[PDB]
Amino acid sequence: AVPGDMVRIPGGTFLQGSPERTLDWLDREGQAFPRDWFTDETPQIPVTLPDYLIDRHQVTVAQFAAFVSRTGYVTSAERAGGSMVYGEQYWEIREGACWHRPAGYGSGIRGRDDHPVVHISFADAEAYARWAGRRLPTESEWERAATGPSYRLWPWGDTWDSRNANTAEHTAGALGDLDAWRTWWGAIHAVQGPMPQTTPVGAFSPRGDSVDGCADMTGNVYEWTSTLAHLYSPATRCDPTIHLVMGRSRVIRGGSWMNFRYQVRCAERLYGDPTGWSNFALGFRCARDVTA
């Protein structure tokens, strides 16, 4: 019935999105991003779902390599010659970056095959799920699995704990101030062959886990959903760059090792170009109906 590597999310009706008092609170917690960077989570909406299955972990390097080994699959990033990595200053195209060269030519997996696979395009993700006899999760399925049957900021509750997940809150906390974290980000990314900052799937289990058992629904890597970017209501108004991708980008969830706490909440929405774009911080996990 239920594959040992998935968990059953019980059917029910939940409130998708984030309430006004949460947005107010993001205003007040000295967050850079203005209010209209979070309004795409609003208004909350009643979403009804059946029981459904979702992977416990993100797809690992090792699992994707089995897919590639058996099928010969070639990823978008390999056909293009490159993929995106965040450099010293901004996002950059890195020649040779792909799932097995996560920092480009001169890098490799180096025994980190229990980490989530990255440089996965939307089509790379859909193809692996087909092969596995599964699919991507919808955004609704993803958020439900993350927040639980009632609303909460992070999968473990409403109180932040940098020890519960792979985010930049841990690393900045360890370096002592936000100055020292910027100075660090400099010194590592200055060529210096950037050490990967992903973590093995399930490394922060069980403390970081969601109520239903999903691991790493916070931080580590961004995750594709199958959902086409859409507003929760026709009157929602966000930053123009967000309307620009409405109706064409696919929703990306969960934040990444690079994010701080406000960009890795259960309800946070990101968006990605589904036509052969990928980056070194973006992977996925699968879902499935209870009955294929």
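Superpose the two forms; the largest set of C-alphas matching within 1.5 Å is the rigid core. Residue numbers count along the first chain shown, from 1. Compared with the form deposited with the partner chain bound:
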The other form holds:
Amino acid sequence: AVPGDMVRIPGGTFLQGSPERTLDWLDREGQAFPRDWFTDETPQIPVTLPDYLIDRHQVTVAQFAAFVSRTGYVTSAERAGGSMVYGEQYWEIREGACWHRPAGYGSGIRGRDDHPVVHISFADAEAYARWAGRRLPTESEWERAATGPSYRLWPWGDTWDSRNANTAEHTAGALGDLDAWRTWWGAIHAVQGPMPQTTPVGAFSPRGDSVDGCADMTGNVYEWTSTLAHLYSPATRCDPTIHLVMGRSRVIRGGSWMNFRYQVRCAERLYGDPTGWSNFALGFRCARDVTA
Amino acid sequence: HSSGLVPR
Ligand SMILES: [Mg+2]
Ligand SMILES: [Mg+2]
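The block above covers the form solved without the partner chain; next, return the form deposited with the partner chain bound.
Below is the whole assembly, all chains and molecules, this chain first.
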């Protein structure tokens, strides 16, 4: 009895995190962030997991709607009156922004009910998962489902392909160069037109799927996990802003449509305030013990 | 106050 919307990850021991040679590779790529933005993925540690279940797809708008319809659940963002959207330069609070007003008052989710739901706080995600008879993945369960039983940069392997997922690599490539992409970024925030640039769940299957069958483990939306931020070794050293959230934030995985290839790797780690905060690019999927 | 997304 594996639910039809989940996949079974076979138990095993795997190397969580990134090897030093990957960080050396990042240092020599044309990308902005310093090495100590990636040392939180180090050192690799052996992690033993049993068989477990994980959702094939991120939770969709339609699915979250049915939860709200049947329970009356009110999300953190609705209680707070606003939620975060990315403007021309920085994250900004947008009044009325929530899962059903993704860009704030004056927007709606019309015709995107197969897209991942967004403006989900950590508590929203746990409430839904609980109602579904499930739970969030741990960080280890998430990475193992992304990279498969051996180390790879992205779920499909070590060679980048902008066609395999919803990331900014596709957009920048479509416009011809990063400069045109930067011009386009400006124009679409003057136009004020669209906001969240999500894609339907499973749109890039099978080519972008993980070896065990999970879709959109690269890009589209960020995903909550249940794991409290921690270093893989007590001696690991990262940017001080990373240390500042250790033991406090929960881990967020998979990058988003806004990211380029380096921030959508299987091992990439990100952290989010679990106390109610959310944004227009942050969703989740569920997992479950094999017997629960 | 909120730490938002880290690293930013
Ligand atoms: Mg993602
Ligand atoms: Mg990171």
